Amino acid sequence: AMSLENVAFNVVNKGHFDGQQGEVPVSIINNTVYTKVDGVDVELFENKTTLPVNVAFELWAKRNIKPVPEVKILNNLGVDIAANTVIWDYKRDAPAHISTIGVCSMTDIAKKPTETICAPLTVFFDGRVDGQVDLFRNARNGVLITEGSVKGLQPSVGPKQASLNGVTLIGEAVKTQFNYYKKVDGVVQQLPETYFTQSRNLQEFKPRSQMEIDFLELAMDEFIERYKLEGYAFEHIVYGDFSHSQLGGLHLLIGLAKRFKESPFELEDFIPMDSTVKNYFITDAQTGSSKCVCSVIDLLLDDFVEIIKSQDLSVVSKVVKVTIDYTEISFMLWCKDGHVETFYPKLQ
Amino acid sequence: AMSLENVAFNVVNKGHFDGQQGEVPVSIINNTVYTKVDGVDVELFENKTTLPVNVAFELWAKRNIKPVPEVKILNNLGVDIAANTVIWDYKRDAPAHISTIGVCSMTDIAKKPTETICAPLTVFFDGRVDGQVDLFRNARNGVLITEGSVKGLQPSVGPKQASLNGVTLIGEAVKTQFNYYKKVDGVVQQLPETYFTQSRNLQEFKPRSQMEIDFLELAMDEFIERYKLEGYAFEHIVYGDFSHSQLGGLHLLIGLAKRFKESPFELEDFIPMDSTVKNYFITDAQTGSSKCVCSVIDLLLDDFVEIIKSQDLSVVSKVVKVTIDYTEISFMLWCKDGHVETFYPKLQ
Amino acid sequence: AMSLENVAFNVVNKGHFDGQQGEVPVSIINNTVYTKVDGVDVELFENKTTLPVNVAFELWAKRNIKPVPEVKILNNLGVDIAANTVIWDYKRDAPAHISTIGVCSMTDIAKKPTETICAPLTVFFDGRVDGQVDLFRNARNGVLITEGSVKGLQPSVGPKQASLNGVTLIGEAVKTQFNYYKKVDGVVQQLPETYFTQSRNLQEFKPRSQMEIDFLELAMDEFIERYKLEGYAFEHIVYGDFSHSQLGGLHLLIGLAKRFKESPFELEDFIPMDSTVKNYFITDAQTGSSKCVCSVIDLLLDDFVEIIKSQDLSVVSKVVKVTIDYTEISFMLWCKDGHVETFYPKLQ
Amino acid sequence: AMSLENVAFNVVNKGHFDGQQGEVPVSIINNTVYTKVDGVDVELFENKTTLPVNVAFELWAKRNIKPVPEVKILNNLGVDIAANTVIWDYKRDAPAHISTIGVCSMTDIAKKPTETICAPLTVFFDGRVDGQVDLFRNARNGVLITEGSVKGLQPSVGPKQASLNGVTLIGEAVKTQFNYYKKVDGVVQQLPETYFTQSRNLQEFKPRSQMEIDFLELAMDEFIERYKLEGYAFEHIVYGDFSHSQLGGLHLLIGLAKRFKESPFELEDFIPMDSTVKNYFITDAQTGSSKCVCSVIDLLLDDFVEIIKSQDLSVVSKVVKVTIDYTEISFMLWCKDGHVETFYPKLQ
Amino acid sequence: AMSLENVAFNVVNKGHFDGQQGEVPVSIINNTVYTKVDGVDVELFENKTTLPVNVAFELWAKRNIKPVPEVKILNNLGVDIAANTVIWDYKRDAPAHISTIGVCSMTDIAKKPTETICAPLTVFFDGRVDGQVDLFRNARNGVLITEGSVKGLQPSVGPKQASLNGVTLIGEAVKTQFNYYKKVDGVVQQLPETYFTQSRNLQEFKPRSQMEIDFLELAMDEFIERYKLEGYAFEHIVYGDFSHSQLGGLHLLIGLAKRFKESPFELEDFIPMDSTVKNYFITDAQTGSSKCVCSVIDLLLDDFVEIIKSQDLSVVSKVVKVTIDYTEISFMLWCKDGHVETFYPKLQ
Ligand SMILES: c1ncc2c(n1)NCC2
Ligand SMILES: c1ncc2c(n1)NCC2
Ligand SMILES: c1ncc2c(n1)NCC2
Ligand SMILES: c1ncc2c(n1)NCC2
Ligand SMILES: c1ncc2c(n1)NCC2
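Residue numbers (the deposited numbering), protein chains in the order written: chain A, -1 to 346; chain B, -1 to 346; chain B', -1 to 346; chain A', -1 to 346; chain A'', -1 to 346. A prime marks a further copy of an entry chain.
Everything labelled a hint here was simulated from the structure, so no lab data went into it. C-beta: ideal position from N, C-alpha, C; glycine also. Don't take every hint at face value.
[Claimed, not checked] Keeping only pairs whose Cα atoms sit at most 25 Å apart, straight-line, the calculated PhoX-like set for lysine-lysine is:
#1 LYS110/B' to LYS34/A'
#2 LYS158/A' to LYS180/A'
#3 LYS344/A'' to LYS344/A
#4 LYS64/B' to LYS226/B'
#5 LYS46/A to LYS344/A''
#6 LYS259/A to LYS34/A''
#7 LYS344/A'' to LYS12/A'
#8 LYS12/A to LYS180/A'
#9 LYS259/B to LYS34/A
#10 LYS34/A' to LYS259/A''
#11 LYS89/A to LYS34/A''
[Said to hold, decoys possible] Just a sample of chain A residues kept apart from chain A'', beta carbon distances all over 10 Å, derived:
#12 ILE96
#13 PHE221
#14 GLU266
#15 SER288
#16 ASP335
#17 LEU345
[What the hints assert, rightly or not] If you want the footprint, here are the derived chain A segments under chain A', 3+ residues with CB under 8 Å:
#18 21 to 29
#19 184 to 198
#20 274 to 280
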C-alpha cells in the first residue's frame, strides 16, 4: 500500500523509507515536497532530478543506506539498473539509474530481476541481501558485490572505499571493500587487473603513503631527487606550471592539494558527475594561469609513479592505456630525447 | 489511510473519490496530476487553484456530486465552510471555501462541525445527509438546506435551480429547490423576502414566462406597447443602445440573449467568479459600440418589471436597494420629468 | 504612484487601467495574477507572454481600448513602438511591441516620443489623442493615423476595419477607417497604392460584394461562367481540389468558407500571429485530402479577380508582386498554354 | 498605500520595510523578485515558502529586525500568530506563522489583535512596542515578552539568547533575555520551571562552563573520573560509540562538537526546522558508523549531568520527563544493576 | 549553424563555447539544461537570469574567458553592451548587459558594432581582439581597453586587477591592468583622476601596504598614534562601534576584516551586484549591534587616510565628492570643534 503520505511519514519518523505504516500531510509545490509541522510547512525534499517530484522523493527515501560501490565503479562496470534498491547518486542529487526493479510503481520495469525485461540489462546485485547471489547466477547480465567468497566464482577485490549516504569512506565499523563479479550474455566475465582512484577531496586531502607525505612536505626539487623522478616531467604533470596564460599540467589531485595549501583556485566542474577522470575549467587565483579542460585523476602518487616509470620513453607520441576503476583510461604520452615532456589523461 | 495514489485510484475507477481501496501510480509535474496507463502518462487533473497541486486534486476528487446551492447563494448567505463535503466552484475551478471539515488532512480545521473552531464560522449543512439537520440545530452559526420541512423551523424557499457537477439546472429527476435556514450566534434568523437570479446562459437562453417569450419574439416597440412600459427606458436598459461609441444600457441577460441571436459580441469576464450581478467589458461586433464595465443581472423579465414599476420616479438620481439571492443589490436609478433615463445594478 | 495592487484595483473596478486610485490584495503564482474576493482567490490574468507576469499584467491592463489598426498593418508599416499606449496583440495574447513610451516603468525606453532614443524608431501616433499629430510632425520616424484631414499632408485611406478589444470590425458606432501617414528620416512618405485584406473569420464569414454573394450561392461551374473566369484555375485556386492526397489550391478565405458550410476541416495555425498571408496545415475531414503549408489570404473576391486578370499568362513560372496591407506580397503564378495552372501567395 | 513596488523600494533603500514612500520597478519570475539596476535585473528575493512570491516578499521585508524569541520557544509556548509584526523563521526561510495581524493584506486575518478572530489564537505580544502589554491583558490567548516587570504579572525569566536577523546571540549592545508571560482561555498561566537549550553550532561551538571546558580538553576517562560520572554511560550517551555499524548514543551537542574537532561526519537534517530536540541521520566519516534517527539536544553539560544524576537507577526502563524550553521532553532511561545503560530524548 | 545541441557539445567537450562542431542530446526542464551521459541526465546549467533558459545557457557558454574589467568598472563607465563577446556577471550569475552584438540570435541587436543601432549605445571594445581599436575609433559611443598604447589616444591607467572567470586577481601569468578609453557622442572623453577599490573579500583579506599590515596587527590606539590619526574618528569610521543597538561606523572593508578575525557577523547583501560602494544589513554576532544600511568600501587604507586628511574640518556637515573607480562617490563629512565625528559613503 505505497503512497506519497506513507513515504513522507517514513522520512519524518525513520529518516528514510523503512516500510513503516503511517501517513503525514504532504504538499507538493513546484519541485518541493513539504509536510505540515505545527501549522507550518517544512521542506522534506527538493527535486534536483528530471523525474516528477513525487517520484524522485520516493526513490530518494528508498535509497540504499548501506555502504555501496561509488557510482563511478558501477558505471565503469556497465551497471544499468539495481535489483530491489536505489543507488542514490549524491554528486548529481539523483538516482544513479533511470529505472528500478521492485522499488517504485512509476519507475519499475519489473518487480523481480528474474523478469525477461531485465535479461539484457546489467543488473546490480548485493550479496549482503538474501537471495541476490542466486539471482546473479540466474541473471543474463549483472554485477555482484559480496563481503566474502561465492563457491566457484573467481573474485575481483574492489576498492577499499565505498559510499555510505554520500560519504566516501574506508570502513572501520562497516565493510566497504567488496568482491566484484560481472556477467555479460550469461557468461561470467573475468574482471581485469586494475588500479583504483582514491576518491579524496581537495579541501580534506590526506596522504596515504610515505611518498605522498614526502610530496606534500618536501620542496619540488628534493622530492624529485629523493624518488629519482628526473626526466619524468613531474614539475609539469604533478606540480603544475603557472608561468604562462595556459596552466601547464596539473593532472594529479595530490598536486592540486599541495597548490591549494599555498594559494586558492577555482575548479569549474562543467560535467558534474562521479567519474574516474574529472575535467575542470581551472583558474589559478594567484597568477591568473588557467585551462578550459584540465583532466584530473586521484591516483595514489606511488601508483602514478609506477605507471609513468613503466613507460617506454623512445617515441614522440603514443596512447598509453591503463586500467583504473575497472575501466580503460587512455593517457597521452609525449617524449623527447628519452625524457617525458607530458603525460595526461587523454581528452576524448 | 488517505493518500494521493488512493485518491487517483478513486478518480480513475469511480469518476471521483468514493472511499474505495486501491492505488494507481501517479506523477506530479508542475501543476498537473498524471497516472500511468499502459506505459504512458494520462492527465487526471490540472490545478487552476492557489492551493498545492496534490491538495487541490484531493478536494476536487472529494467534491459534492449532488445538486448543491450555487456558490453565489452560499456567499450571499455568508457561508465560510461546509460540513464534511467540498463545494467545488466550477466558475473559478477551485474549492468555494478555503478550509474543510472532515475532508482532507491538509485543509481540515476540524473533523466534525461540533469542534469549537467551527463555532464562529457559518458552516453549511445539508439536510439530505444524516445528522446534519441536528448539527445545524446545535451550531452557533450555519446555513441549512433541506428538501422538506424541519420541525419548529420556518423555511425560506430557495431558488428553483441548483448546481449539479457545474451544471446549473432545475431538477426533474432530482430535487434542486431547497428550503434555506440560517443561524447567527445561536439565533434562527428570519431570512428576508428575496428575488432570485435565473442563472441562465447567453448561448442556451430559454424564456421562463409569457412576458419573456413575448420579449424574444416581438419587436421592441410592440413589446413595450403590449406591456405598458412607455417611460421606463427599456429601449436603453434592456434592449441596449448600440448607436454611440459607449454601449448604452444592456443590463438584463434576456436583452443580451435577444441581441446575441442577431449579432455576436465579446463579453470579457474580468472578475471570473459566481455573483448575483456580473460585470463585463462588452464589445458589440456589429457596431463597435463598447462599455468597460457593463453590469448584467439575470432576472426574470417580470421580476425586473416589478422592481422598476415599484420605484418613485421623481428624483434625478438615487440608490435603489433590492434583495436578490438573499443579498442587498444596490441599483442606480436616474430619472428626468417623471420618466426613467437609466436603471442599472451598481454592484460588481 | 504605479503599483501592481493599483493596476489590479483598476482591472477589478474599471475593467482595465483607468488611472483610478486604490489597491486590491494580489497574489502571483507562476504566471497568473489573482485577487482576493471574500476570502478566495479569483484569477485576473494569465500570462501568455515572454515578459515577467506582473509586467505583462500591467501592459494588458494599459492596452488601447479604442479601435486601433490591426497588428498586421502596423507591422507592414514598420511600426516599432507606440506613443503613450499599448497595442495589445490579441492573436498572440501579448503586447504588439517590445517596449513602451510613457506606459510602464519596466518596459519604457522614454516617457515622451520626443526623447532622442525614439528618433530612429518608427513610433505609432494616434491623431485622436491631443498633440499626437504635432508629435508626428516633429518626429523623425513614425506612422500617424487620423479620422480626418491633416494640414498639408496627403492621406492614404486605410482599411475599413480596425481592431476594438480584439474584435476586428467595420465601425458603425465608432470610426474604424483611418487616414495613414508615414515619415522616414524626417521625410513624409508617399504610401503606395494597396489592396487590403478583409480580416474575416471562417465561422462568421459574410460576403462584401455581389460577386462574393454569387460565389457562395452559385455552383462552381455557373459562377465561373457568369464571371468569365474560364482558364483562370478558380476550380483549383479558390474552390480547392480534394481529390488527391495533397489538397490542391484553396488559397482564398472565401473558398475555405464555402467548403466549411458543407464539411469541416482542421486548420493548424503553426505560426499564430496576425499577418497579411496566413499559413495553415490543413486536413479536410470529409476526404482526408491535406497540405502541410496552405497559404491563405482573405482578399475580396473582386480584388483577387482583378489581380489574376491583370497578369501575363505566357510564362511557365514567375513571381507576381502585389501591394497588400502596404506590404509587398509575392505570389507564385504557374501557367501552361495561356491558361493559369495555379496562383498562390508564396508568403508566410 | 501598500504595494509591491513600495516594498521593493524599501528593501533597496532601507534594507527592509521601513514605511518609506517610493517605488522601484519590479519583475517577478517564477519564485524570484527582481529589480532593475542600470538596465539589468538584480535579485531581491527568492521565495522558499509555500506562499505566493509577492506575498512572501512582503512578509520577509516586514520581518521583525529586533532580537526576538527563537522559533523553538514560540512553538513550545503554542504561539499561532504575532501581533502587528512578522517573526521570520530563518531555519525554514519562511514566516514562523501562517497568518498575520495588521501586516499584509493577503495574509491578515485582522488589523488589530482585539478583533474576535484572534481570541481563540495564541497571539504573540512584544512589550517593547507601545500598547502591546495592554493588548495581552485584553487577549483571550497570548504570549507576552517584556524587558522589565509588568505590575501584577508573575514573570518567567526566559533564555539568555534571542534571534536578531537570524543570528542567535546573547546580547551585549541589546537586551535578549526577556520575561515571558502566557494566557490560555483568558487566564494567565504559570510557566513551568525549565532548563534552556544553548542554541550553539557544531562548527563554532564554545564551552559555557568549567565542566564544558574540561569535557572538550580532557580525555574521556579522566573527565568521567573528575566529575564522578562512573555508571552514568557518558561513554555511550555523550562521547558516542563508533565501534559498530549502528552509531551508539551521541545525543548531546557538546559530544558531537568534541568528535567534530577530530574527524568529520554528515548530519542529515531531514526535518529542517528549529526545535528543542533535533533529529539527524548521522554518518561518521572516519568509521562508517551511522544512525538514521539520532536525537541531539544542546543542553549545557552541567544541566545534563544534573538531570541524569537526579534519576533513580533501580528500574529497567522508564520515561523521564524534563522541562526544556518550556516544553515537556520525554527521555528514555535504561538501567541495569544500578548503572545507566542509555538515556536519550525519546523518539516519538 | 548555431544550435542548443552545439552549444552543449562545446560546453561538455571544451569547457565553454569554442566554435567546435558537434551535437550532444539536451533536455530542458524548467530552468535547467541537462545532457545525457551513460543513460542519465547531468546538469550543465541552472538559469539564474530573467532570460529564457536556452538563451542564458548560450550567453554563459559564450562568456569572455580572458581577464576582463570588473562589472563595477564597466557600469561606472556607462557600458551598455559589449562588442562580439559576453561579459558574464558572476556576482549576479547573469550577463552584465541585456543585449549582445554578434553573439546570440535571440539577444543580438546587431552582428557588428558598426550598425546604426549601436551608435547611441556605449559599446565595450577589447583592444586584444583584432580590429576592435578601429571599431572604437569609428563608434559614436564606447569604452576601449588595451594592453599598450594607441597612437594619439590619451590613456587612463585602470585598476591592477581584473576578473578572470569570476576570479578577481592581479595577473602574473596574464595582464590584468588595462589602459581605458571612453567616447561620448563621437568625442573621446578625458577620464578623471581616480582612486580604485581593491576588490578584496572579508574571508581571504590580505593587507597591500605597511599601513594595512599595522592596522591588522597593532591595537586601535597605537595604530592611530603611529599614523597621527587623532581627531579623524577612525575609532568610529574604520574600527566600528559595537556598544549601542545601532552599529557605529564600520565603512572600510579592512575594519570589517579586523573584526571578522575576532568575532563573526552577518552581512546581508540586499542588492547583490558588483558596485564601488556596497550596502549591507550587518548584525554583529558577539554584541547584537546592528545597522540596516551599512555602506562599505574597500579602499587601500592609505588611500582612505589620504582622502580624510585632505578634508577641511571647519564645517558641521558637507558632501565630499571623491572619484573612485571612475565614478563620483559622495561622502558625508560631519565635524565638531575641528575634529571628525563621522565620514561615510552617503546613502543616496
Ligand atoms: C599536446 N599537449 C602537450 C604537448 C604536446 N601536445 N607536445 C609536447 C607537449
Ligand atoms: C451616470 N450614468 C448614467 C446616467 C447618468 N450618469 N445621468 C443620466 C444617466
Ligand atoms: C509547384 N507548385 C505548384 C505547381 C508547380 N510547382 N507546377 C505546376 C503547379
Ligand atoms: C533501546 N535502546 C537502547 C537500549 C535499549 N533499548 N535497552 C538497553 C539499551
Ligand atoms: C548623520 N549620521 C551621523 C552623524 C550625524 N548625522 N551627525 C553627527 C554624527
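Do the hints match the structure? See the list:
For the suggested pair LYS110/B' and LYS34/A', the alpha carbons sit about 20 Å apart, so the restraint of at most 25 Å is met. Of the supplied pair hints, the one linking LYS158/A' and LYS180/A' holds, its CA atoms being roughly 18 Å apart against a limit of 25 Å. Distance restraint check for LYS344/A'' and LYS344/A: the Cα-Cα separation of roughly 56 Å exceeds the 25 Å cut-off, and the hinted pair is therefore not satisfied. A hinted pair counts as satisfied when its Cα atoms are at most 25 Å apart, and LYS64/B' with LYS226/B' does not qualify at roughly 43 Å.
The hinted pair formed by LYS46/A and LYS344/A'' fails the criterion: a straight-line CA distance of about 43 Å is larger than 25 Å. At roughly 36 Å between alpha-carbon atoms, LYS259/A and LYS34/A'' are farther apart than 25 Å, so this suggested pair is violated. The straight-line distance between the Cα atoms of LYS344/A'' and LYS12/A' is roughly 13 Å, inside the 25 Å bound, and the hint therefore holds. A threshold of 25 Å between alpha carbons decides the hint, and for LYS12/A with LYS180/A' the separation of about 34 Å lies outside it, so the pair is violated.
The straight-line distance between the Cα atoms of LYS259/B and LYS34/A is roughly 54 Å, outside the 25 Å bound, and the hint therefore fails. Only pairs whose Cα atoms come within 25 Å are accepted, and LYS34/A' paired with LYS259/A'' is rejected, the gap being roughly 36 Å. At most 25 Å may separate the alpha-carbon atoms for a hinted pair to count; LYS89/A and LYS34/A'' meet this at roughly 15 Å. Listed as outside the interface, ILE96/A is inconsistent with that label: its C-beta sits roughly 6 Å from the nearest C-beta of chain A'', within the 10 Å cut-off.
Against the 10 Å criterion, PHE221/A stays outside the reach of chain A'', whose nearest CB is about 23 Å from its own CB. With 10 Å as the threshold on Cβ separation, the claim that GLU266/A sits away from chain A'' is violated: the shortest Cβ distance comes to roughly 7 Å. The Cβ of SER288/A sits about 6 Å from the closest Cβ of chain A'', inside the 10 Å cut-off, so the non-interface label is violated. Against chain A'', the non-interface label of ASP335/A holds: every CB pair exceeds 10 Å, the least being about 27 Å.
Not every C-beta of chain A'' lies more than 10 Å from that of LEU345/A, the closest at about 8 Å, which undercuts listing it as non-interface. For the stretch 21 to 29 of chain A, the proposed coverage by chain A' is satisfied: 3 residues have a C-beta within less than 8 Å of a C-beta in that chain, meeting the threshold of three. Proximity of the stretch 184 to 198 of chain A to chain A', defined as three or more residues with a beta carbon under 8 Å from a beta carbon of that chain, is not established by the 0 residues found. Judged by the Cβ-Cβ criterion of 8 Å, the stretch 274 to 280 of chain A is not covered by chain A' as claimed, because only 0 of its residues qualify and three are needed.
Hint compliance for this structure: hints 3, 4, 5, 6, 8, 9, 10, 12, 14, 15, 17, 19, 20 are not met, and every other hint is.
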